[PDB]
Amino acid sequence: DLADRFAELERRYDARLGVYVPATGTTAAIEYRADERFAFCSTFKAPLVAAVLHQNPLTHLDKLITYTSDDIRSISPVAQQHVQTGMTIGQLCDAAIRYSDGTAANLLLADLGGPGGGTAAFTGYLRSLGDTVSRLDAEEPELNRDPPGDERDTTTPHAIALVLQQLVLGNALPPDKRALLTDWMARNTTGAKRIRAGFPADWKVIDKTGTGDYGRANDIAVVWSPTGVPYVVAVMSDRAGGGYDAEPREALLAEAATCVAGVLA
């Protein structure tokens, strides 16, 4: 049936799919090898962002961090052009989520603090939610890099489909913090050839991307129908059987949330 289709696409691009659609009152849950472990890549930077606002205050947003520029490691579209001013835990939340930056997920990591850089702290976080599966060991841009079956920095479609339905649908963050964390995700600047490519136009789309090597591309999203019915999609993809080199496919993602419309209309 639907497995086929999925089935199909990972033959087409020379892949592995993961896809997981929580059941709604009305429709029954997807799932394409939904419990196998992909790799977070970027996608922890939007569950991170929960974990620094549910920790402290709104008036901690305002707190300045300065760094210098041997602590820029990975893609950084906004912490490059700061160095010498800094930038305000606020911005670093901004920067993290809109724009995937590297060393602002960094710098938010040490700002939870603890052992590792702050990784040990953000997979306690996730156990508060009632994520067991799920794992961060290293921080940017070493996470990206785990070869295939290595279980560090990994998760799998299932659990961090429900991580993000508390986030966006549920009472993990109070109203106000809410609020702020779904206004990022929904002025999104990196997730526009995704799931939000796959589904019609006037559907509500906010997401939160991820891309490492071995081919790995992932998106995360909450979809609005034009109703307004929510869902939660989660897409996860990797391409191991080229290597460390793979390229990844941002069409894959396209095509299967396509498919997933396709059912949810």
Second form
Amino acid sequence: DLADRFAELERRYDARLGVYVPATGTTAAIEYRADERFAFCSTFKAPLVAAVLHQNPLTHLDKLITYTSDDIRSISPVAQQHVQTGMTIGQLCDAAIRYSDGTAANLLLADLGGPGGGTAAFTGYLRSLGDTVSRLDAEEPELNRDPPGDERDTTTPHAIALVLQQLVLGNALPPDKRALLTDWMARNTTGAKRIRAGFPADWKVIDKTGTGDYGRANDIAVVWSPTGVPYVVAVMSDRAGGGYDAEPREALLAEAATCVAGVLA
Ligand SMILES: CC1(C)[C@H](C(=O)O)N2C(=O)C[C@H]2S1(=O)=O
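Return the form deposited with sulbactam bound of this protein as a structure block, the form solved without sulbactam having already been given.
Once more the chain from above appears, this time first in line as the rest of the complex follows.
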């Protein structure tokens, strides 16, 4: 029956909607176009941070990187200011999760090393988790620019909810490292109007946003009930009908999350 509202919301905002919530002991998985392929956009920058953290000791974060003003290419609120200081690996992690800083992301790919500036190694890293579906291919900004139909730079609600589960609630990082990821996602600034705006205020919310062309709007989050029961919620959207220059409708994500809340209480 919840399938009738997702499709109802799909009809209202002229969109395609993806939705996965892993299952608990006490609630069944929520599925809508779950195993269907959506574009990452800026959602990759979350698992990327666990990638550095994991193949790197806690002393790495105080390593400094310098960069030319010809590396700065995507939206980069934090990067274009520090072009003369540099940014330590750690600051680049804060940047890339809290502000979606596009350059910071590209340098953290470079820091994984190997072919196609560290995309090979970063899909690499997704496979250690179980994800044999998702795959990053380009750097910022082409991964947002891909045409709808393309299998490149894509994941699924099913695939990415499961990755997140393992990184925040799971044990795919040791507790010391697991705390940085979660704190950075907990003071994200880009999420105000998506999953956060659909759940009541006494639920706590950590999230990493993504936006693209062809109407792409994306949120992956971990949420906590007033009693402290966690869950994982993945919402993904696009609007190819509207053109390459389609507008992304944020309301659609916040509506869908209110639907999910109804079910989780
Ligand atoms: C600049 C982008 C490629 C992309 C874009 O070009 O549309 N921007 C958004 O809407 C989020 C930012 S981004 O993903 O860094």
